[PDB]
Every structure is written in structure tokens, then in C-alpha cells.
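J.: These are the residues of each chain, in order.
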Amino acid sequence: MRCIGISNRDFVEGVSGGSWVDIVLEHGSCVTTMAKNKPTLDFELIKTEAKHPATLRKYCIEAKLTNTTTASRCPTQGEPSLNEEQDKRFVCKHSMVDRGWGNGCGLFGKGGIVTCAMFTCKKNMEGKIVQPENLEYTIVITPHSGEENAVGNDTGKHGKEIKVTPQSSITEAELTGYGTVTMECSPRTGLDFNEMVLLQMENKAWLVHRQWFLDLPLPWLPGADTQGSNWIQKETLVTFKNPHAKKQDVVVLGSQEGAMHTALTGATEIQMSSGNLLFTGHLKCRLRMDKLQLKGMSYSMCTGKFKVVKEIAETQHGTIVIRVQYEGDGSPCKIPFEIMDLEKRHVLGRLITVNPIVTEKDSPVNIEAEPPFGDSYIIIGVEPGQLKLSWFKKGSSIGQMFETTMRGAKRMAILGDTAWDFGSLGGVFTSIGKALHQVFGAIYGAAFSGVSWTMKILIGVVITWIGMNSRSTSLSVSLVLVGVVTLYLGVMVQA
Amino acid sequence: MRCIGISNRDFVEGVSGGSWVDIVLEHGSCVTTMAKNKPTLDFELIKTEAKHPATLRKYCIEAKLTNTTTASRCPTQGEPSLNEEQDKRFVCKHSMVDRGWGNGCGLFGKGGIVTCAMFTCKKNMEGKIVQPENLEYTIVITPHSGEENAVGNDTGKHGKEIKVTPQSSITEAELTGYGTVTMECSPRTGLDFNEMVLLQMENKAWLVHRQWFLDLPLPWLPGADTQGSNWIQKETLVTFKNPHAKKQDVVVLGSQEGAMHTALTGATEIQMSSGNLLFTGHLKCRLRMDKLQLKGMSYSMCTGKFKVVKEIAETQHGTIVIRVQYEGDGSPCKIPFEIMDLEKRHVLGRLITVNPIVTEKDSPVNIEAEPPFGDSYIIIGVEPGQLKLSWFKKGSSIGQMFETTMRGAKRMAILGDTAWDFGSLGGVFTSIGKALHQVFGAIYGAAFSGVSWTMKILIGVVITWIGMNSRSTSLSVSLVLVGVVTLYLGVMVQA
Amino acid sequence: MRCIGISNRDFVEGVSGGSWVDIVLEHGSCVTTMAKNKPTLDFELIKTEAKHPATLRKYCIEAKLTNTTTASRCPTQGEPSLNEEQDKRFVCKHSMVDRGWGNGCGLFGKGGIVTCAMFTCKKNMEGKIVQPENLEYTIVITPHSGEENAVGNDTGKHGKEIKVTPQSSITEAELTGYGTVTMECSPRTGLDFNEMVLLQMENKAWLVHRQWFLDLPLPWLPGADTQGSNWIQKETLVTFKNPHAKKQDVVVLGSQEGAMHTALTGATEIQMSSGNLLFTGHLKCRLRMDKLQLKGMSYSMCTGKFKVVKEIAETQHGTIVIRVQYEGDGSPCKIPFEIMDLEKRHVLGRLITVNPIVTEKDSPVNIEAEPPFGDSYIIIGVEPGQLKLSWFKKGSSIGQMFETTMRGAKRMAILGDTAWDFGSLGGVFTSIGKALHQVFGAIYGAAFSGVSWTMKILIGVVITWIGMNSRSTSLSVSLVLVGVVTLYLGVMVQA
Amino acid sequence: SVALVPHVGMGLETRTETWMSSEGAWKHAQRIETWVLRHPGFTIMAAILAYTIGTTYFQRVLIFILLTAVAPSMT
Amino acid sequence: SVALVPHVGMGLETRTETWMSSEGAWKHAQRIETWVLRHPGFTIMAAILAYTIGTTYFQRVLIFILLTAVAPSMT
Amino acid sequence: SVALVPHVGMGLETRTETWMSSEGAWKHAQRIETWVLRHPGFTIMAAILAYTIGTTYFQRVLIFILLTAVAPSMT
Ligand SMILES: *[C@@H]1O[C@H](CO)[C@@H](O[C@@H]2O[C@H](CO)[C@@H](O)[C@H](O)[C@H]2NC(C)=O)[C@H](O)[C@H]1NC(C)=O
Ligand SMILES: *[C@@H]1O[C@H](CO)[C@@H](O[C@@H]2O[C@H](CO)[C@@H](O)[C@H](O)[C@H]2NC(C)=O)[C@H](O)[C@H]1NC(C)=O
Ligand SMILES: *[C@@H]1O[C@H](CO)[C@@H](O[C@@H]2O[C@H](CO)[C@@H](O)[C@H](O)[C@H]2NC(C)=O)[C@H](O)[C@H]1NC(C)=O
Ligand SMILES: *[C@@H]1O[C@H](CO)[C@@H](O)[C@H](O)[C@H]1NC(C)=O
Ligand SMILES: *[C@@H]1O[C@H](CO)[C@@H](O)[C@H](O)[C@H]1NC(C)=O
Ligand SMILES: *[C@@H]1O[C@H](CO)[C@@H](O)[C@H](O)[C@H]1NC(C)=O
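Residue numbers (the entry's author numbering), protein chains in the order written: chain C, 1 to 495; chain E, 1 to 495; chain A, 1 to 495; chain D, 1 to 75; chain F, 1 to 75; chain B, 1 to 75.
By construction, these hints were calculated from the structure, which means they are not laboratory data.
Just so you know, even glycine gets a beta-carbon here, dropped at the ideal spot from N, CA and C.
There may be inaccurate statements among the hints.
[Said to hold, decoys possible] With a straight-line cut-off of 35 Å between C-alpha atoms, the simulated DSBU-like cross-links for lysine-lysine are: (1) C/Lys123 x C/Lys51; (2) A/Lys295 x E/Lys388; (3) D/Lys27 x C/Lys291; (4) E/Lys307 x C/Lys128; (5) E/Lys246 x C/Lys246; (6) C/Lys246 x C/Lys38; (7) C/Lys160 x E/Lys246.
[To be verified] Reference listing, derived: stretches of chain D covered by chain C, where coverage requires no fewer than 3 residues with Cβ under 8 Å from a Cβ of chain C: (8) 4 to 17; (9) 58 to 65.
Just need the whole structure built from these sequences, with the hints factored in.
T.: If you want it as C-alpha cells, here you go:
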């Protein structure tokens, strides 16, 4: 029941022939899955780890210059020579300085000058890369068991947390009393870890695009070096000054930590401090419910009196949760729970805690339901002393549809193709939509790479206006649709 | 003779009624002035000093956060409050977190959260300002005495240095033997220091626009704060992260010294250590030659044998400088020196060291002359023992014409209106030009402030094309002229 | 007497008011000057020496690679690193070699490889440059004294060697018995020694163009270098081999001496061993024949018999040289020599050894004369024992006129505009022609620089065709003239 | 500087909030507004140029927007 | 960030070379060229959009130039 | 190689004989002749291309000669 209380909560209904459903487990969100005669389980992706990282490249963000030397030559007499030019730890620059009788030279003209200083790095910005085989996804499955402290508990003792690794596709967890849950996760397709870098500047880390990392304009090392002194782009962090064309100077040009922080805007921070723990991304899994069992199945109904120990509370998603206690005998029984209309004639609500049971007498049981919109009745217990509680759900079915459509659009905006099999039970339509999305998303990503959201909005508006003023409606509809999609993406992008 | 060897050396010829001429002195440049009966003087602006600077703002380039605290409220209980929120040294941020039974709340919703962290600055940059009357311009005036050690010599002991301040803008220099030269300078019309800031960061200082300094996005103190416990824009140097709705914390951004160095491109670097010494900008002075007289003009032709101790050496400006030592009787004598043709039937070039004389028979005297573009012979001495030196000047008259045209255009680009005072003699054409260029430069600065050089090129190209394609020739001519001027300015900007 | 027997010999005749004549002196050519009432002199610029050269650069023509090393990384893990790459003495290149499980690596793909090897130069070519004021031309002045074994004699002791330096524009020689000869040569215009390099390779040296020398694609050194191990663009003398993309190797190309000899085709060789003396070029001089008198004009005529000791021989230029022996008394007398016709009615010849005399009785005197075209008779001595020697010149005045026009055209092709300065008396026609030639030659040198003689012929032919097939009778004439001149230059170039 | 090449638009965004997302989402727009405020002179010239160049109101407005956006950033 | 306000067109520029003149002269052009190489897709889109919006070939080239410049400039 | 850039058309020539004047006078002509003999196939294609491209006979011959000369030259 670790999902109750999370804004990014998704409910997955039903299972495919063969009793399996494939879901996408994003970080910071949990997926609650329920199926006929199957326990309701909550799956959350809580950790991602990359192991055995390799150093792609080191950048220099803080430097220091020393051993500055300068040499000059008379006009027309070639170039000056410094013995330091031979060493690659010296940043050297050639310029022209006025020479003449005043400077101790016989001629009158621009004479060459060379200034060399030793480039020493003070603060590194390492960049690491990990193979996709070294990922270790951690997932936690929490059955809606109705335990008193499980309603939102994010600590242990409530769920079974497993590790998804590319070595083994089949991951099973035996939930105590609920059977065995089998998951077929595809950790390789989750995040392109061979197209990304684990940047680590001082005590912070970022997951940055690999090419973007390689294109940084700073002094760097190949990452294979063991000496650490042959920086390549030393002149990106050093200034040579020739103010009045009479002498040359060199300065080390400050620290690039703040500029790097500004340049890392748009990247997601990660915890590379110990282990490279990533707390972002998704993981598509195929849940197999074949081996699942209802916890309370083969229990007698509770015929005693129930009491409310925590009043009904409404969740962000419209599903109520109530805590009740049992007073009667036959303690290992299952709760009679229903959501009836005001006339108590039809069962309107849908129970999310699919099979509420009373394991212990002196132990409150949490039940989550989905009351219908408007006036309803939460009836708990049997007729002699049943608790018939009135609840009102503010909202509308049209509002639910619009909110669900917006949630699905937001999901497709975050995952693209991978969002087409979030709750897909195979299906011809799902496969066709996924293929169409793959093609169109490839085109769109190619056309909108490295462009900010403001430019996305501008281009969407321009395409929309072109489509609105087109002659042929076949082209106009397509252009306006593309423009509206682009405007929506620019509005939702950069989160 | 200090102006010999400087590539930016420039020549002033002629005087006005009252034997005065306006000259603009720049730090890099040296000015040599010639008059019909006056000695040739070299003018250089060697130092600008600002005194008693007063801080305008202190900016934080590196900070550190401590004493982090957090407070959270329930989903519908309103925004939380912290004691530190009142505190001006604490930086706070309000956000919302997912709340429910699991958090210990008792109601499911987006409860508020506020986190505050103490801001303490580590590195700052002091934006000092100076009143205009506290500027002091030091000018060194050195006559073309012909002293051997005087060519391109800047060590000292050769000329006279006159300090000019806005309060005392008229000053007199006594050039021993050459009379006295009076300078009626105009410091107040040079750099406008009421609109300029002396920006010092660590051990490097720059001269910056004051509005630019005031618009910088960094936390700042009022400037008179000895406590440094009220920073005004702490939000810019800290970042509050709420990756998933559950937690909020704050981290300070990195040292902004490197970001400032990039932000300072296009700002001239000054020295602010042990005096706010500026080696940038210009000064316009009025030279009074009334009391300036030639030295040794009451002498007699040497009538002795000369020897060349330093060979002819053409400078970057088409003039030749030679050093001759005298060997004959009548020591304090005028040196016969002509630049004639092969047959000695014509005088082809003049001499810049007007009235070269021999003060001491054992002291070499070095003369500067401007020979013609063809073959010319530098004749020194009288018939018995005369020495004729052949020379050949590579340039051409048209080449010199357009070189001087380019030099004048560049001078106009840098000084703008003041370029019309560089060799002005108080004429009416000069005044009309200066008024016209004042109006046009005011318009141009209004319409082109803050624009990059690439943008200047693009705008000039657009304007020139609009002119090139227009029905009205008058507007066509005006637009094409403006476009060509703008393109030239864009090409010559970023000096 | 030293000018007789040289294929390149010019006869400069006559002087102007003031008794000076302009002559251009070449190393391989020679000049004989004649004037009324003045001795005939022979001039030969026998040596040019450049002193105090300063090396401008030092190219490498043979290297050797040692201490080769190589390193590589797995694919996708950046570049490899070698400590040797820290030192610029090592030539290093980066390339990718396919890697995989067999290469000790984890994954398959193109893996970077770096190869380094120490670059040592064993043989280098040094290019030195000289100051025009450090040139010293040697000129030998030899009168037609008609002494024994003086015809075409190069040993010396017959004339006086005057050294011409840019320090003095007046060179003075005291020919015993003839007075003093004044020379006013102009070394500065002779040859731009600040636009050409004195390249010496091994035991041979060439006078090359400066920019061409700086453009050589060989590993070079600044010339100010003292260590001599930091070569630049070493890659032009080493190759890196990656045949199948499995390993990378670096080898040294080989000695570049033969390729350098092939590149130097068109350069004029000089002696840079034991003195930077180069026997090529020309020297314009203005000889002044005032203070120059005939020798032995006070001697009486020889009243004796002359016996021929060396039969008449005709020089390549039609000037016959005859050596005679005197046998009578009054030994120091004048030889009666004339060139008459058969009847001795009127003199036809033009004695070139003016005022032949017999100083010592036992010394044969070899007089040179210029007979007329056809029959003429050389009359030597008084009626008793007089010699009447016949001669036949075998030519035409038209033939000699065509020959002299061809010689003048060739000089214009070789000396450029300095041709107009040869045998000149300051006429207005010559000066206007020289200015026009300077303009046209400037345009032609701009348009035809760096093109082989074959390209010259092709361009001349194309322009001739264009001109001769143009509508305008003026443009046609101008273009055909230009084409014919270009064809002539191409035919007469590469000498 | 590295600051001129941020990580925006790389396409790695997930549900998780990025670094300085809120702190820098409107920074560029605010910067353009501040630049146009401090430099009203160039904005008018850009408007006049865009009007002259653009045949239609769409082209003119688009060109004006592009010029005004590029000028501060290219600065 | 401070790095986005270069202090370039402020005037008060004299004959003396300014801070980072040589680098800042072409840093923006280098950055735009690198962006155009790394995002060839958006350049084609900008070319097509300019082709569509602008009638006169000068208008199309101007829009293409402005749009390409502003694309990385925002980022 | 360094030999591909000869010291030919620099303009320092004098009356004195240059380094390898006689040998290098006809080297390129003879090398072109040898190349034409060795690769006659390209010569016919060059002739056809010259005939097709050039309208005037003078243009045809000029293009043919230029192609025949350049072929070895780029080799
Ligand atoms: C989450 O579950 C844990 C149990 O693992 C709760 O901690 C228990 O709290 C009860 C009541 O004080 C104690 O009797 C148990 O000894 C505790 N067990 C452990 C392992 O700590 C915790 O309170 C729950 N969280 C919430 C928010 O209810
Ligand atoms: C600039 O002038 C100073 C004199 O004021 C020169 O210093 C002297 O130079 C002479 C010349 O050799 C020496 O004999 C003296 O010992 C130097 N010192 C003094 C106090 O006279 C200085 O050399 C000149 N600059 C140059 C480049 O020559
Ligand atoms: C060139 O002149 C030199 C010098 O006048 C000639 O050398 C002389 O040769 C004779 C014959 O053996 C000797 O008796 C003299 O002693 C030599 N003089 C000197 C100074 O060495 C030389 O023979 C002449 N050469 C020609 C071809 O005429
Ligand atoms: C640098 O300077 C230190 C002291 O000034 C000296 O000991 C060291 O050898 C120098 N190194 C180089 C490479 O110049
Ligand atoms: C900040 O924390 C330190 C840590 O000991 C404490 O001494 C100080 O009082 C705190 N200041 C506050 C909370 O304002
Ligand atoms: C190069 O190799 C030789 C042969 O072993 C060795 O003596 C020498 O020290 C080496 N030098 C370098 C710089 O590697």
C-alpha cells in the first residue's frame, strides 16, 4: 500500500491472456496493478545503480599558471624561441610587439614575441561511462494487504524489494501469503547508458548527454592518462593580453565551477558520491500474475461488528482509504465491504484493496476503495451491526476522462514510444500505435534536437500559422496538428 | 623623440592664430607635432590615476550555505512558516510536497514545505566608483633634441611630465632650452566617470559600464556594509531542488569568478592595486606654442666631418632616423642635413628633428627625417668630408594617401566626435563636421548600443541591401552610405 | 682591357653636362665606357658579399625516428594516453583500430590507438637573411692602357678594385695616369635583400625568395632556437601506417635533399661557405668622368717601326684587337694608329684604346679599334716601315642595328625598368619611358608571378588570339602587343 | 564559456526535475526583456527594418522577433 | 548567469585591446557552427520554414540566418 | 613533397644561369608527353569532353589542352 499518498500514481487494470501485463516503472512514481481474483500490488522503482564505471574524460575547471617566461625577436628576423615551448604543460602564445632603437633592437617594426606559462590544474571535473550490463535496478512490490502502517509507509517490513539486472530477465519475489510475483524487465532499453555520461564535478554528479559532454570547451585529459599534466585545450582557460602592443601577458582565467553549473541546466542530478546511484529514468517490465494468490481467499466472512479507527480520507486520485477494526470472533475472516448507492440497491464503487481481510482481531485494517462520483455509501460489516457511512466524491466522469487524457499525453511526452506499452495487453492497436510513434518521434527528435522550449513554442506557432493559411486542407490539417503537438511539447518540456 | 618606434605614432602639422592646436592623446598612441618655427615635440599620455574611490556595490562570486532548516504543513493547512524567513541572511524557498497518512499527516494532498539556509559570502568583487574631479592625467612631453639616448626611450630623464587634473586643466612645462609649452587640457570631456565603475575582482580590475554593473545578476551588498549579513539577490547563487514532490533541499552554486571573466569580455582591464591606475582612454588638450622656441638657432653651420654611428633605420611611418657623431671644430653648431636627389639639385624630403645641432662634440646626435618615396640621398655635412647616404622608400603616394585615410577613419571610429579635434585649428569646416558627427553619433549610439559586432555586420548588410534595392535614389544613397559605415564599424569594433 | 673577350659586353658612349653617364653593372656582363677627350674604361662588378647574416629559419631535410611506443583503449572509452605525448620532441598521431575479445578488450568496435616516436633531425638546411646596409659590391675599373697581357685578363693588378657599400654614396678610385674615377652606385635598388633568403643546404647555397622559403612544407625551426630539438610540422617528414586497421606504425620518409634540389630549380646558386658572397645580380651606377684625363698626352709620336706580335683578331662585338711591337728610339711615345680606307683619304675606324702609347720599348702594346663594316686598313707608324693591315668586318649596319635592338630588348626583359637607366644621360624621354615601364612592369609582375614559362607562352598566345579577334581596332592592337611581349618574355625567361 | 552551451534540448529529460529547471526556466526571456528595456534604441531600429523587409505582417513580426531575440543572446 | 551579459556593445571602448578580445570575437560564431553540426535536423527544418515564410530570396536567407542564430542562442 | 613547389616564377631571375635551368626547361613538357603516351585512354575522353563543352573551336582546343595538362599535374 506504498502507493497511497503519491501524486504520480497510475492504476493498471486487467491482465492479458496468459495473465501478464507490461508496465513502465518511472522513478518518483508507482504503478498500482489490479486484476480479477488477483491481489492488488504496488510496484515502485526506488533505486538505479551503475557499477564499474569507466572514466571517459577529465575536464579542468580550476587552473593556475606559473613559470611565466617571454622571449622576443627583432622585426623580420623570424620567431622567438623558448625552451618551454617544447613541453606540453606550458601554454604558449605568439604575438607581435613594436621593436625599435628604444627596445634595444636595430630595426623598426613589429617584432615577434612568445609568452609561455606552466598550466597546472587545481580542480577536475571527471566524466564516467558505464556499460548497460552493469545496471542494477531495484524495485519494491507492496501488496494491498491492509496492514495498519502500510497505507503510505515507505520503509521496510511491508513490501518485497527485488533487483533487476541484465544478467537475468526473470525476477521473482515470493510475497508472504500472496504467492510469487514474476517480472520480466528490460533494463537495457530503459536508458541509453552507452550514449550518456556520469559527470561528477566536486561533490555533485549529473547524467549528461555524451556528445554534449565531449563538446565542452575546457581543458581536458583523455581519461586514460596516469600523469595528469598534458591538458589538451589549455588555451580555453587562459588569457594572453597584449594591451598596447608593447608586451604580452598571461592570466589563468578564474574558476569554471559556476559556469559549469549554469551549463548543466537541463540535466538531472545523480548521486555519484558512492556507487553512482541514479534516481531518474524508467524501467519497462512485464508483470506475470499467474502465480499470484489472494491473501484472504478461503476465509469466512466476518459476521461481527466493525468500527472506524481513522475516518475516510480522499486521495489525490479520488480513491478513499479508511481504517477499520474488528470486534467479533472468527478473527481470521474477511471484511464485508461494499460501496452502495444512496438507495443501497446497486454496488457503485470499485474496491482497490481487492480482498480485505482481518488477520488479527486487535489490528486495524486499511481499505482503499474508489467510490463513485456524487453521493455514495461505504457499508462495512454485516447487517446486524454494519457501518453504513456516507461519502461524497466531488468531480465528474467528464473531468475524469479529461484528466486521464492529460495524464496519458504527459506520459507520452515523457517516454514517447515506451509509453505505448505502459498498460498494454499486447494487442494489434497497441503495436501499430507504437510503430507509428517510433517513426514520428524519430522524425520529431531529429528535427527538434538541442532546441529550448521557447524555440519549440515559436516553431509550433509558426507551423500552426502556416497550416492555418494553407490552400490544401490535406496539408493544412497535418501542419496544424504538428504545430499543436509541438506547442504542447514546448509547454510541457524542460521539466 | 619618445614617439619614435610606436606603431600608433601620429603627426600634427600647423598651428592657428595664437600658435595653438588641439590634439587628442591616447594611452597607447604617441603624438609628434610640427610647426613652422617651433621645435618638434613628442606627446604621450603615460598615466591616468583615480583617487579616493568609493564602493558602489559588493557582489558575491562564491558563497556557502549552512544551517539548513525545513518546515512542512499538511495538504490544506496553508503555507508553513520558519523563524529564519524573517532573517535577511537566510535564503528561503516555498514549495509543495506529497502528503498523506504515510508522512504522518492524516489527509492526502500537496502540503507545503519551506526550507531556509544561511548564506555567507566567501569571494566578492568591489565595484568602486570615483568622482570625475579626482582623476589625474600624467603627460610626458619630450622635444626632438636629437639626444643619442632619446630615440624611442621611455626610461626617463629626457622629457617633462605634466600632471593634469580637472581642477587645474591648464599647465605649463618648461622644456629647458626650447621655451615653455602650455597645455589647456579638457579632462572632463573624456571618459565620463559618473557613468563608469572601477570593477576589481581579486587581483584583477576592469573598467565597466555602471548600469551594466548594476544590472548584474548576483547577490550584492549596499557597499557600505561592514557586516556583510544582508545580501540582496541570494536567489541567484542558490538552487532549490524538488526532484520528486517528497523532499526539498537547497545547494549553492559554484564560484562565479570564471563566469565573470566571460561576462567581462569587451571591458578594458585596469590596474587597481596600489592606486586605481587606468591605462585606457584618451585626453584632448590644446597645445600653446607661443612661448615655444627652437634651441641653438643662433648657432653656426658646423663645417666639420661627421661619422655615422647608427645606420639609417626606417620606421613604421615612412621616416628615417640616423645617429651621427661630430668630429670637427666649432662644437655647438647647427648640423647641415638635407634630403636631396642624386645630383643634389632638388630638396625632396624634410626633416622631423628640426634644427639638429651639436651640443657636445663627443655626444652623438640622432636626426629623424621623412624622405620621399623614390630614391633619396641623405646628405650630412659640408663639402670637405661630406657624407651622402643613399636611401630608398618602398611606399607610394597613393598608398600613403589611403593609409592616412584609413587611419583617420579608425580615429573617428574610436573617439567619435573627439576625432574632429585631433588636429583641429578652430576652423569652421571642423566645427560644422564636429556638430554633424555629434548628432549622427548620438543617433547611432542610441540605435546600436549593446549590439554585438556580428549583429552590427548583419544590420549593416541589411541596410546596405535595402539601399541597393530602392526606388528613391536619395534614400538609396543615404541608406547605402549608412550601411557601408555600419559594416566598417562592425569590422573595426572589439578593439 | 679586361672587357675584351666577354660574350656579354656593352659599350656606353658619351656623357652629359657635368660629365656623368648612367651604367648598370652585372656580374656576368661587362661595360666599356667611351667619351670625347677621356680614356676608355672597362667595368665589371666582380663580387657581391652579404655580411652579418641572421638565420631566419632552419628546415629539416633528413630525420630519424626512435623510441617508438604505442597505446590504445577499448572502443567508446575515449582516447589513449602516452607520457611521450607530453614532450613535443615526439611525433604522435591518433587513429582507431578495430578491437574486441581477441585484443584483450571487453567489447567490439573501433578502439583508438596512439603512436609516438622521437623525431631527431640529422641534416638541416639553414636560411639566412641579410640587411641591405650590410652589402658590399666589388667593382674593378681597368683602363684600356694597352699593356702586354692585359686583354681579357682576370688575375688582377691591371685595374683598381673599388668596394661599394651603402654607407657611402660616392666611391672614388685613383687610376694612376688617368686621374680619379667617381662612382655613385646605388646598392639599395640593386636587389631586395629584405625580400629574399640566403638558403644554404650542405655544401651548396641559393638566393631564394623569402616567402617561397617560408612556405616550404618541411619540419622547421624558428632560427632563433638554441636547443634545436623542437621541430615544427614534423608530420611532413614522417608517415603513419594503418594498413588493415589492426595496428598503427610510424616511419620516417627519407632524405629530402634531392626533392629540395628539384624544388630549387629556378633559384640562382651562391657561395655561402667561407663568406656569404653571391655572384649574381646588378648594380646601377652613375660614373662621373670629370677629373679623368688621358695618360701620356704629352708624349711625342713614335718615329720608328712597329712589328706585329699578335695578328688582328675580331671580338664578338666587331672590335678588332691588335698587338704591336715598337723598335725605334724615344720609347715612351704615342703609337700612330688610324683606320683609313684603301686610298687613306678619310678615316673610317674609331680607335677604342684611345691614345695608345708605348711606355717601355720591350712591352708589346695591344690596341683595340672598331673598324667599319667592310674593307678597312689599319695604319700603324710613319712612312718608313709603316704597317698597312687590311681587314673585313663582314656585316651590315642594319644587321648591327637589329642585333643591338635585340640586346636592348633582352636587357629590358632581364633588368626590368633598370634597363632604361643603362647608358642614360638624364633625358626627359628616358625618364618618361622609365616611369611608364615601372607602371607596366608592376602590373605585369602582379599578373605573371609564380607561373612557369610554358604558362607564359600559353597566356601570350591566348591574349594574342583574343586581341587579333576583337572588334575594336584599338583594343585589338593593344592586346596583340601585350601578347607578343608576353610571348617574348616567356621565350627569354628561365635563364 | 561553458555557460553558453547549456544542457537544454538534449532529450534525456525524465519525470524527475532537472538541475536549475525552475531556477532557470524563464531566465532567457527575462534577459531578453531586460536587454530590450536597457536598449530601447536597437528595438525600434529592428522594428523598422522588419517592417521594411517583411511583405506581410507575419514575415515582419517574425523577423522582428528573431532580431530582438538574437541581438541580446549574440551579445 | 553573469556569463550571458558579455558587456560588449556598451561603448567606452578605446584603442587599447579589451579583455578577451581575441576569443570573444569568434566564440559565438564557433558555438553556432558547432551547434549546427551537432543538430543537422533543426537546420533543415529552419531552411524549410524560411523557404515557406519568405517570398523574396533575401527574405528567406535573412529568416534562415536569424532562426539558425537564435536556435542555439536560446539554448 | 617539397619538389612540387619549385622556385620558378618568383621574379628574382638574372642574366646568370639558374640552378637547373636547362634540365628543368622541358621536364614538364616531356613528362606530359610521357603521361599521354602511357594513358592514351584519358586523352580521347578529354578530347570528347572538350568538343562537347566548347562551342568555339578555340574554346574546344583550350579546354582540351587544359585537361590534358592538368591530368598529370594533379597526379
Ligand atoms: C512503518 O512501519 C514500521 C514497521 O516496520 C513502523 O515502525 C513500527 O512502529 C510501531 C509503533 O510505534 C512499533 O511498535 C514497531 O516496533 C515499529 N517497527 C519498526 C521496525 O520500527 C513505522 O511506524 C511505520 N511508519 C508509519 C509512518 O506508520
Ligand atoms: C634612456 O635614457 C637613459 C638616460 O636618462 C639611459 O640610461 C643611461 O644610458 C647610458 C647609455 O649607455 C649609460 O651610459 C648610463 O649609465 C645610463 N644611465 C644613466 C643614469 O645615464 C637609457 O639607456 C636610455 N634608454 C635606452 C634604451 O638607451
Ligand atoms: C694576366 O696578367 C698576369 C699579371 O700581369 C700575368 O701573369 C704574368 O705571367 C708572366 C708569364 O709567366 C710572368 O712572367 C709574370 O710574372 C706574371 N705576373 C704576375 C703578377 O703573376 C698573366 O700571364 C696574364 N694572363 C693572360 C692570359 O694574359
Ligand atoms: C619552474 O620554476 C621553479 C622555481 O621558479 C623551478 O624550480 C622549476 O625548475 C621550473 N620549472 C620549469 C619547467 O620551468
Ligand atoms: C547555525 O548553526 C550553528 C551550529 O552550531 C549554531 O551555533 C548557530 O547558532 C546557528 N545559527 C542560526 C540557527 O541562526
Ligand atoms: C631510447 O631507447 C634507447 C635504447 O634503449 C635508450 O637508450 C634511450 O634512453 C631511450 N630514450 C628515450 C627518450 O626513450
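J.: Does the structure break any of the earlier hints, and which numbers would those be?
T.: 3, 4, 5 and 6
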